[PDB]
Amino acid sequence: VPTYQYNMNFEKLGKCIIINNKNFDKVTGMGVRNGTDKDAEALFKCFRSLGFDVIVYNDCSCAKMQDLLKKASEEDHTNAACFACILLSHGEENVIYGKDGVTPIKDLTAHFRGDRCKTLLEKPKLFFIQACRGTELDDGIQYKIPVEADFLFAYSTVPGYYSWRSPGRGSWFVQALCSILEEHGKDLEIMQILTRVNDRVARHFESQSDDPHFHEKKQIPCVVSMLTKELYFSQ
C-alpha cells in the first residue's frame, strides 16, 4: 500500500516459445493459416527486443507441443525473470490445434504450476494465444504460494468467438500486440499494454469479405491474469 513489481534483475529476461502452425494434416480438414508466418516473424522481433530468447517451432503435432512445453518447464529458470509462450494456430474454446488434431490448453500450461516448475516460482509465466475459441462472430453496434498463481493468458479473443486474420497483414490480435510493444514494450506495465491492445483490435479493425455473412464483423481480446505484481520489461 503501495506494493509493486516482479523482480527483473536476472541475467536473462527469460525464454520465449513461439509455436507457429500453418499447415495441418488432411485428416483435420482445417485450412492453411496464410499470414501466420507474418505474425510469427513480427512476434519474433518484438519479444527479442524485449529481451526474450525466442525460438520458433513450426507445424507441431499435439505430442510435439506437449513435449516441447514439458521440457521447457524442466529447464533451469533460476537465472530467468520470467517465461513466455506464444501459440499461433486454429483452436476451439479450451483447445488449440496441432498438426495432428487437438490439444487442451490446460495441459500445455499445466507444466508450469509452481509445484511442477520450481525455478519459476513467484515469477510471471506468460501465454499469448492466437487461436479461435469457437466460431461465433461479433456483429456490431452503434509462507507458501498457490501453485496456480502468477500466470497470465493473453487470448486473441473472448470465449466462443472466432479470431480474425489478414492473409497479408496477419491476425488482428498479433498485428495490434506487436504495434503496442514496438512503441511501449519497455514503458508500460503488462496490463496497460494488453489494455491498449484490446482497444486497437476493438476500434481499429473490422472484417471485410465479399460474403455478407462475415462482413464488417468485430473482435475483442481476453486477458486473463493471475499475476500478483506489476510487470515491466525493464529493470
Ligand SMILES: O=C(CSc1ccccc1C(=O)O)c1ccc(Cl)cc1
The other form holds:
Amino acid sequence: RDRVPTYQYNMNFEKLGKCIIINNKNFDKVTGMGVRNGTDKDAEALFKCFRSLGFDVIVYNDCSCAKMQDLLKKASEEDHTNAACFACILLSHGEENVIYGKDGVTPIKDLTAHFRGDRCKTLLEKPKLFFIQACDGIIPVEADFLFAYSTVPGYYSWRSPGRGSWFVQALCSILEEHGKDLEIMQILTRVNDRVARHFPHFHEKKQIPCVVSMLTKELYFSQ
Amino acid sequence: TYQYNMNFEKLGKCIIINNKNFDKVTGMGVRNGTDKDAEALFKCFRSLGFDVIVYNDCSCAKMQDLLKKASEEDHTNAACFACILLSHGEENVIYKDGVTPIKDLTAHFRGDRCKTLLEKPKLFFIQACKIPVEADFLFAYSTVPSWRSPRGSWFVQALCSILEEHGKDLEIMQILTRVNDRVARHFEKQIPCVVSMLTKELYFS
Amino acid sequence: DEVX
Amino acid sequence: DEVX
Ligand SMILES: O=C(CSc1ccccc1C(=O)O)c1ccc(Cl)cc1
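We have the form solved without the named molecule; now please give the form deposited with the named molecule bound.
Entire complex below, previous chain first.
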C-alpha cells in the first residue's frame, strides 16, 4: 500500500532510539525455573536486527528484579528528545501479568509504567515498543505504547533449545526482509502468521502471539 | 496472500448487544446516549455489508446464549464475524442481570468450538468501563485495563466517522489506529486498546 | 461527559 | 522445544 502523511509517526530525528534487551537465561534455584536454552541465540539475532534497524542496542544478562526495575527507570530518565522512539525486549520466564528475574518475579505493568507520558516527558507522543518472550490446535498517559507478547494470556510460549524462541526467530526473519518498508502492525501480523503455521502431555502443540496496540499513528522504520 | 480472503457471498454476521437499563439489583445507572451510539454503529456496520442484529438489555444468560447460538450457526459463506458490546464493566468482565467473563463470550467462537469460522477474522468491539485455537481474534476495547456524552461515546463517534469515510479503503489496524488518535485528541483522558491475533491484513473489500 |  |  501507500504511505499517507499526517498519519505517520515523525521519524525526522537524530537517532532511531534506545533498544534495551534483557536476556535472562539463568535463574536462582529457589525459583524452580530452568535454564532457558536457546535464549542467547535469541538475544544475538535481535541485537543484530535492531542494530540494523538503527537502534542503539544495549544487552543486559541474568538480571535481578531490582536491576530490571532500576535500569528501566533510569532509561526513562534519560533525554529522548533526540530519539524517534524507544524499544525494550524482555526474554525470560513469565506468568500472568508478571515476568521473572533471577531472584523472583515482578509485574510487567510496573516495568512499563516508568515510560508513561507524565513520568517520561521526553518520550511523550512517541512510540514505546515492548516485545516480551515469556510464558491445542486443529495527552493520555497510556497512548503510544505497543506490546507484542510471544503468546496469548494463559498459554505457554515455546522455544527451541538450539534454534531459539519461535517468536524471536520469526520476528528476526521478518525484520531482515521488510523492517524498513512495512508498517509495524503488518510486521507483527506477519509474525502472527509465521508462528501459527511454521511451528506426550507436551506433543503436537501450537501457539499464537498477541499484539496490544495503543499507537495513534502508523510506525515505519524509515524516511 | 497477505490479506484475509473476502470473496464470499456475505461479509458476515454482526451482533450488537446494547445494554442501557440495568436491574436495581446491579446498581448501575441508566446509560444515557447509548441509543445514539448504537443507531450509528448499525448504519456503519450495515454500510460495511454486515448482517446486523441489535439486542437490547440482555442478561448474562441471554448474552452467553446469543453468542453460543451464533457460534453454532454456519459461517461457510461469510467472510468474518463481528460482535459489538455496549454496557457497564469491570476488569475482564462485562455487565442487565449481572456479570459475564469476556473469555466466556469469545470462547464459543474458538477454532474447534466453531469449525465453520476457522481462519476467518472474529472482531469484538467492547465499549465499557494443525492451527491455533485463539488465533484470528481482534478486540477493540474502549479503554485500557471510558466516557460517554448523554452525542454518544467518543470511541463510537470516532469509529463511525472513520468507517464512514475509509471502511472500504483502509486496513483494520489502520482504521483502529486512527480511531485511537481522534479519541486521544478530542479527549478534553482515555485511550482505546486494540488486541490483535489476526494473521492477515483485513480489508472490507 | 458522564461515566461508565 | 522448551516453553517458558
Ligand atoms: O500490559 C500492561 C500495562 S497497562 C498500560 C497500558 C497502556 C499504557 C500504559 C500502561 C501502564 O500502566 O504502564 C498490563 C499488565 C497487567 C495488567 Cl492487569 C494490565 C495491563
